[PDB]
Amino acid sequence: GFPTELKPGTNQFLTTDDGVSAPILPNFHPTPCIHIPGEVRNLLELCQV
Amino acid sequence: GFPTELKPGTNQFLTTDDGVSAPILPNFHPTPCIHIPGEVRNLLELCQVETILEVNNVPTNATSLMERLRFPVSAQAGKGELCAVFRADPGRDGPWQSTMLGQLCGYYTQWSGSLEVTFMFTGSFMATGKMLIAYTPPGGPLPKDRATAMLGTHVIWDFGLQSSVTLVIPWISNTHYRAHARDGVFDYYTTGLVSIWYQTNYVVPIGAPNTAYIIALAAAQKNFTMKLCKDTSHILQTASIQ
Amino acid sequence: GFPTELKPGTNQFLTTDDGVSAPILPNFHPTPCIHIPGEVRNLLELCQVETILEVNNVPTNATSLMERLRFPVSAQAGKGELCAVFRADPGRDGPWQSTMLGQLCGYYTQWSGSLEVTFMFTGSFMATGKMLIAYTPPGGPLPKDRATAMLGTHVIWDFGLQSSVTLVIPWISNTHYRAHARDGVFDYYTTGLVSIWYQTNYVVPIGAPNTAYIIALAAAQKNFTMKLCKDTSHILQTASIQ
Amino acid sequence: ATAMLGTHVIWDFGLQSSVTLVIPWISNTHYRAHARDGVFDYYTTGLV
Amino acid sequence: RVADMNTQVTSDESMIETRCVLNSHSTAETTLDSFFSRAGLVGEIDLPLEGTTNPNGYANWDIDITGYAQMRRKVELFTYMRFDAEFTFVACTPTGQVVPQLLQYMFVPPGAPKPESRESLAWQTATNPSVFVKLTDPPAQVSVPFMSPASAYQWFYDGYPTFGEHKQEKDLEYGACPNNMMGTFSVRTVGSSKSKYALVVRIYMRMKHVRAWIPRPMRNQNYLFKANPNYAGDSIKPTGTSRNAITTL
Amino acid sequence: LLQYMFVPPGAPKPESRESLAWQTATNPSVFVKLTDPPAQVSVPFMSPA
Amino acid sequence: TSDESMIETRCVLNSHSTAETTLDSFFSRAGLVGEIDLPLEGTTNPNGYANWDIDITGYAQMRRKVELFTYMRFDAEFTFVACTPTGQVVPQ
Amino acid sequence: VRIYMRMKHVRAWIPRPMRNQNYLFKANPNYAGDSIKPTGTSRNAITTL
Amino acid sequence: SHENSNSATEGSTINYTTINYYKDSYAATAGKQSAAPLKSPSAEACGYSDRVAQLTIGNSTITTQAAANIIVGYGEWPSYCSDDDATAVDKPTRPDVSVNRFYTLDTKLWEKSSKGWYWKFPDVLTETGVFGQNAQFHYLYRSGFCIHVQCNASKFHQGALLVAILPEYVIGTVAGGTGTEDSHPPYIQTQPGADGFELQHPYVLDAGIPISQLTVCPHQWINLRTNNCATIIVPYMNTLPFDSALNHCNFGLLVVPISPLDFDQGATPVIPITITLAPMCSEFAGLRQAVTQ
Amino acid sequence: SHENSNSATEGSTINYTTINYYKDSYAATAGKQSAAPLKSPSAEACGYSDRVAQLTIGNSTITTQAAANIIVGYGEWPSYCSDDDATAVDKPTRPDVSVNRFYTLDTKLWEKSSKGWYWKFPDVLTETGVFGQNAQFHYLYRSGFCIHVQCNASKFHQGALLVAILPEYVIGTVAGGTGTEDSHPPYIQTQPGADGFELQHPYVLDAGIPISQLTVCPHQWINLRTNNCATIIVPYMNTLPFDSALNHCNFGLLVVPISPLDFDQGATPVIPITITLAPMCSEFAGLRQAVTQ
Ligand SMILES: CCCCCCCCCCCCC/C=C/[C@H](O)[C@H](N)CO
Ligand SMILES: CCCCCCCCCCCCC/C=C/[C@H](O)[C@H](N)CO
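Residue numbers (full-length UniProt numbering), protein chains in the order written: chain A, 324 to 372; chain B, 324 to 565; chain C, 324 to 565; chain D, 470 to 517; chain E, 568 to 572, 596 to 599, 623 to 862; chain F, 715 to 763; chain G, 623 to 714; chain H, 814 to 862; chain I, 12 to 45, 65 to 323; chain J, 12 to 45, 65 to 323.
If you're looking for bench data, these hints aren't it; they were derived computationally from the structure. Fair warning: there could be bad hints in the mix.
No more than 20 Å apart at the CA atoms, straight line, and that leaves these computed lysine to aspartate or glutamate pairs for DMTMM-like [unchecked claim]:
#1 E:727 <-> C:481
#2 E:850 <-> B:390
#3 I:145 <-> B:404
#4 J:185 <-> C:506
#5 I:142 <-> B:328
#6 E:783 <-> C:506
#7 A:330 <-> B:328
#8 H:839 <-> J:211
#9 C:545 <-> G:630
#10 E:839 <-> I:74
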């Protein structure tokens, strides 16, 4: 048992929190990404149209 | 006390979660593994084994359940008659459920790759003839005649000389993987239809039986791959185990 | 707050869990360990010590409880008579419970390896004779005669010259480890039966006692190994400790 | 079942029209005298 | 003195004309460690208040994962099967309520005394592996090793455990390999008096480091009895759906 | 105590609360109490496309 | 006698670990060594306090386990599972 | 309050015979003298099992 | 070095990358994994054409088409138990010419309405031959098998047999038909000896497993227009290096007609199926008195 | 370096790999562990044939068969306390010729119905000899022992004795028979002196421990057809470097007949068992006035 203190914010669900969650499907490799034209990688690209 | 925040997902039990749990038996070394022949290390090895395909899944009673494993071939009028049809979807509820490819496909949502369907002739040595085994890619309905069927992927099978041909159902789909085709919206993922037609006839002399049988063995090729493991629905139990 | 997910198994108390707990006494150094002779560092060292085997576990009253540690040998009619039988399972409820091998086997589910059963003759110096101590591998029932018994693993014991022989029960099993044999399905894990037969006789002159005794000492060899530690059932208490 | 315990061959005569059954030299003596119905049946080769 | 002591330009090539296909299709999800490392319900233990099943607050569940059709059919694809198991016990009220009740799971290996009561002395668990956990706590998860005396677990044992003549009274011993029965899984409510909550202990088991050897035909009949391939003979159903005719779909 | 269960296409949808599909021997399922924080799982890209 | 002077033997590769028969394997398993009753109306400990003399020879399983030896030096992992006599987990 | 105790870093020295009698009193090898039971089960005869 | 190497995958040829916060390897995660034996490989496919050029085992010779249409079970030739796999310390006896030879069991007749038969091994060879005497006399038994099922029919006969080797072929019952009886098969059904036992429900193999999926197991076809014999060289498979030959059947040989036998009137109606099996690399340990069962 | 070296296995010869998140080593996990002394080794087996060639201790000589049938307790010869083990700062006296010598206690008669006797050490030597005077005069005592139990019988006599050394032989009672009395043994039972005490229930050794399992302790056999004497060289065992010789018995010498004494009428019915014990490497510290107990 490693000594540990829980700070404020445990068991909270921040909707914009970027965290690591348990994968539902172990060793699931997704369908390979074929090349689709027109890929968007930033919304400022859309804003410039 | 190391500072720590608990994220969403604590005290949850994900059944497929791969985690580290407390060992019940400290310093327990298991019985050493002796060499046992035939070890399986991937289910695609099982999927690549030819297994009897129940094309003739017409009989239902237990007396004639053995008739499901083979379908009849006999002398015809020589008009390009239809022998047997079946869908080429391994995961579909139908002829392929008798196959290990079908049963293992029931445990996976998506499948991809080509399929081997070996048709073996179990007539007499004096029984000669040819069959056109046609695999229709999706979109084409059940062919009305052999001329409609030969436009698809097909093989011509001399069963007089070669007693067993394999019809490779090639992987031809829009999607990279196929979900299990069903009677509805999910028929988008159909593999197509495999139909066997009398290319010439079933020819026998006097003394040979007028009706023979073909045993369809179905499998998958090396390019086959299953994905997204799921609970099977090929068999369902409404009762508990006593 | 380091992000963290609690898996299944938090706030559980596994009794055999090997973990790190908060020390009650900070900077407490214990009393230095003086050298004490005879230190035990493995229970298989205890299992390798010869310990009196209660082959004659017939008497029950406390007056004749000392008669359990030895079994009689006496002059016979010279027809290959049976002296004593017992099962060769150390963990079985029977003769082996008096042995430290039996008691330590009670704390482990699986055992493997050969067993030493030393039979020591405690008759007179003028008492001569031979005994056939036969260990029957599993499958063979209790032998009806000595001819049935000598087909198994056996030793012939001159107790006139050598006052103590050891019958090695060799490790002969289908499984790599043996669970504790019981009267039922678990008799699959039987070691077999060890039977002592009069090879010639018990011969004494006038002035020597007509009945002697053999003290069976049971142990295990260097290849012995116990597995899967469990609660013992050789002794059970239905009452609390006052 | 009694016969297959000895030296035997299994002969598909549908495919191979002629098999040879080798009677191996199995005797106590180095040479065999001619077996007869009597004492000299000691020198029997056996039965095929 | 004796001297006798990826498709490119039946692999799709001999049947059709093919193009080159770069098959970046992983096979990692069809492994045993992917197909079998998913926890499934292998045991449910009822500890009711007035029922006659386990009215004394204790239960001795014999470890037999062939009690539920899904995982039984999954593992029974093979005969010989060696793995370590991740055992999870989700205790709850039969109404699903999470009640403040403390339970004692106890692994009782063969030979160890099965508790005869809730206040049995076997619950001291001085050598037996036991778990103390509340229902308000998350489900108790323990790593169970490969404990068989054999080199693999054996869901199909074509034979008998004991010797001797096998009559009809001993016919139930057929198929019962004692390399597979690993004692009982004992649950109690930790206390002298009867627990005030009806309790249900659901055992979910996930196998890790899986090795399986001999593939058999799957189970196409309805399971009826645990550790028994018995089937309803008068209601044998086909492996799949039927057709009105063979020339139609 | 609730049981979330991901039922991929082809897997049997449970017809009742005490359905045998809840044994989740292959389906990814989450066991969690309401007193616990919200159950968070990482779901991969599962599309055949 | 090492199986050689009694029978004819084959070569057996004994990959059988002895690590589970050690004291750190046979004894590092938590067993019930004490039960303390704090009832509401009973005369055992009616005042809400109890003084349990440390004596692990009160329960037969662990007492027989440790009494296999006389002299025995160890560090102990002590766990106290407090509960209602009905097993209830009360906010106390 | 149930006390469960697990011993670590164990060193033990002198093995004695185990306890084949029912324990009666703590820190006391006292046994029921009028009900001394054998170390194990009994047999109706020694030539049989 | 800080953890016990005591997971269920130790000694295997695959490295598993894992996560472990505990002392035992079996506590770790499932992790990652850092011709075909199951497809009934032939002797040509197994690279064992040197051992199959003419099949003479013991004082017995079978004349059959070799190599191409001869199946080695699970891609594994039978072999003697190694020192690592074996646990019994006594040295086993290896007769190898008196027990490793082709035994001809019986001549079961194939009919048009025939359902099929199964033979349990080595229960078929329990009470005949030196192999039978060694199995009765020794507790421990280990051997491979070379099953040569023979069924000769004319070129005007038709039909195919699924000659398959089903390991641990546990026999189930009808459970009273309604499935609410918990019946168990008798001893003569589970271990039918050399004469075998006819399948009551060959579709489920009297075990609830489909006959269609039997070909993952080492199998052969006796399609009469092509071959009249089926040679399956079968290794020893068990969770154990050795086992009792009297109360454990390592495998069951299924011989059922998938395609029914048919012929015109005038042809010989007696089409017999003859079972021939040669134990391979037989090993008997744990000698005692002989026991029938 | 960051943690105290204060676990119970510090100073031992085995490295324990462990996990510790705390300041103290005893807080860590149990971890891993990175002829035979308990089998009553002989002097030949212990490599101590040079010290046993002729057993003359002090001004006393016993004539007995040496080496092979002479047992060193726990594979450990008695030795003087080292500086590391000893805690008492005063230098102890080591008479070594007046106290290290064979003392002959008594001549208990072995009968056909005899149950057995036990002698508690050094309570047997508390009130006789210079060893007795040193034990009475000094608080601290440390010595090994060379117990030579002697029982001579003719070649027509039979019977065997379990001469065993039971360390910390705590005497229990019948607890009133019903087990509901909490009785304690008297002083004359716990420390019976040189004349010893007869076992009331030799099966449980008057302690609830079986006589059968006594052979893990340093033991010997006086099987009369083979040997008439039992020499057990016994080291000093205690949790302490020294102890009081008047209120702590380090071990108890069990001499019970496992095989009953039997002989025909005419032979001498008086078969006596004589106990001889030589303290080895005796160490007395903490000198004060002499106290009997
Ligand atoms: C603290 C809880 C520990 C739980 C320990 C569970 C032991 C796991 C053993 C699983 C191995 C298979 C058990 C039995 C197999 C089958 O159900 C039948 N016996 C064979 O049909
Ligand atoms: C915060 C709680 C700390 C608990 C401290 C417990 C101390 C552990 C000492 C255990 C050592 C043995 C205790 C007594 C031994 C026996 O029961 C008898 N005295 C001897 O028969």
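Hints, one by one, checked against the model:
no. : hint            : result
1   : E:727 <-> C:481 : violated (46 Å)
2   : E:850 <-> B:390 : holds (14 Å)
3   : I:145 <-> B:404 : violated (31 Å)
4   : J:185 <-> C:506 : violated (44 Å)
5   : I:142 <-> B:328 : violated (74 Å)
6   : E:783 <-> C:506 : holds (13 Å)
7   : A:330 <-> B:328 : holds (6 Å)
8   : H:839 <-> J:211 : holds (13 Å)
9   : C:545 <-> G:630 : holds (17 Å)
10  : E:839 <-> I:74  : violated (42 Å)
Going through the hint list in order, the structure does not satisfy hints 1, 3, 4, 5, 10.
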